[PDB]
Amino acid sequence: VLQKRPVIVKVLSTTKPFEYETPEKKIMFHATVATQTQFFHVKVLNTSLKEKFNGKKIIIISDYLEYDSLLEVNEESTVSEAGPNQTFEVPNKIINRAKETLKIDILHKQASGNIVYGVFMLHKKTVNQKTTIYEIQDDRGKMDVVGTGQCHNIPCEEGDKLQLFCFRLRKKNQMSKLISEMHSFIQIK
């Protein structure tokens, strides 16, 4: 359901556009945005909005979808440059928070179905025909990451830090793992 209330945000980061696999091939990019008081992850499904998300100006986003604790900006959304008098600076506390990664022991206790973003060091990688199993690790634990589609077979080595966008935390058979989904993305940090 289209969210009405426009958000006036500073764009803190974006990915480059990337190709994803639908249940057909389309292009999107990920973005992180902030007000003076909070941060949001944004799935930008309309790549023609790339320039508005370059982060040189403050923007106003309306007609977006909101679910999974994030915003979806698509072809039905409207994105505009904020007027002269609507400029603000976002506090360092919020920029820092937007970049926080949960510890893996904490993730192991998190509710099934939650979306996860973060930076995790790669321990081990198993490349199969269709799917890749990335074993990520920190001082507190390890977890399997299951990548299919654009998250299958990303070049990386042991020691590399992996930046994950939009993964699904899944508990099945007494074990928790991150599963890539349609809009997920991995890059080396």
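Only residues modelled in both forms are compared. So that the term is clear: the rigid core is the largest set of C-alpha atoms that superpose within 1.5 Å between two forms. Residue numbers count along the first chain shown, from 1. What changes on going to the form deposited in another entry:
- Core superposition between the two forms leaves every listed residue (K57, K50, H123, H41) with a C-alpha shift below 2 angstroms except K57.
- Relative to the superposed rigid core, the position of the CA of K172 differs between the two forms by 2 Å or more.
- Once both forms are overlaid on their core, the residue ranges between the two forms with Cα shifts reaching 2 Å in three or more consecutive positions are 55-57, 172-176.
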Second form
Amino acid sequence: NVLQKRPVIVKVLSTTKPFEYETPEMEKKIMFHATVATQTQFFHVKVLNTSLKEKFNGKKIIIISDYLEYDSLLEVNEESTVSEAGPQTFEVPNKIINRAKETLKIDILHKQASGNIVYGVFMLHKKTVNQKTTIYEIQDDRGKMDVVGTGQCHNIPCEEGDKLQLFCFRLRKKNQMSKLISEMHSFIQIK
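The form deposited in another entry, contrasted with the form deposited in one PDB entry above:
Just this one chain is shown here; partners and other molecules are left out.
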């Protein structure tokens, strides 16, 4: 899968704080998640070139090129070019905003295809910190399911009843039900 140099004008709706993650080649690195919108659509965006973080909380309005598109999201990296438009801004329809902030219900998640990327906010019901992995049991009014966290998503401080906001998790099936697995760029923040 390869880059798209067709440049896009989008508006930033949200960013996470920068955070540390490890590559399979054991390189220590820093990134942040962001959510951006056009008038018609929204995108989850991984920003690996953290020197643009300033550009992603102000200004809200930006132009992006040479980014990667996969897994229904955008990757912006060192090869990517981000610029500012001006003072000069536009506003995004509330349908799209609410959709970009939306969290799917667990009963629906259980019916979702393996390989999907999932973002959302869920309630922690139970936690088991094992040595390398942590199984977070998450819950809502429709069902419950396991979230396996490794790396930066291992051993996070939290207690039952707390709400976990997940970024960039991979949905996998066992046995006939969904679970959410942490990957290289996955993140968990508390509320």
